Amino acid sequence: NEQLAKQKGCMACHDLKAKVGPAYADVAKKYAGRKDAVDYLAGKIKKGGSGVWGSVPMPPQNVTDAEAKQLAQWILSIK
């Protein structure tokens, strides 16, 4: 349940409904028909992994050309 998921840190990366990982409602939809969904998901919860789910993209941002340049220059200075 949510209380267990919260205790174990899961909710830092997952929401119940549509964070970095897939929302649980979407995981449920994807694996609804899969006979061994519980065994499969239990293994994936314990082991982790990558690339099963498409990544969250970067949206366009509310910045002027000059702000974008300032931000690029600032990021390049983190070294």
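Residues that one form lacks are left out of the comparison. Residue numbers count along the first chain shown, from 1. If you superpose the two forms and keep the largest set of C-alpha atoms that fall within 1.5 Å, you have the rigid core. Compared with the form deposited in another entry:
As a two-part rigid-body motion between these two forms, the smaller part of the chain turns against the larger by 174°, taken from C-alpha fits. Listed alone, the shifted run between these two forms is 54-78, counting only residues present in both forms whose C-alphas move 2 Å or more over at least three consecutive positions once the core is aligned.
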Given for the second form:
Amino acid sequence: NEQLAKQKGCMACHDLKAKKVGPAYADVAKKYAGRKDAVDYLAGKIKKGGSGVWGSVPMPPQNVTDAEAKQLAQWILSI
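Next up, the form deposited in another entry. The previous block was the form deposited in one PDB entry.
Next up is only this chain, free of partner chains and other molecules.
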């Protein structure tokens, strides 16, 4: 949920609507919602980070567990 995103520092680089560092959470939801295994995909990206999907700036790996990454993916996709 949003409280968890805040607790894990996600909002430093992601706003719900504005572009900061990574994509707006509302934009991620638009891209992936309804797509097969969107939750599992996004959970992996949240924990491990990555580059090249939204731009050339990498997202670093994050101090989140698998269960946390899944909760955050579920929350994001619900926007």
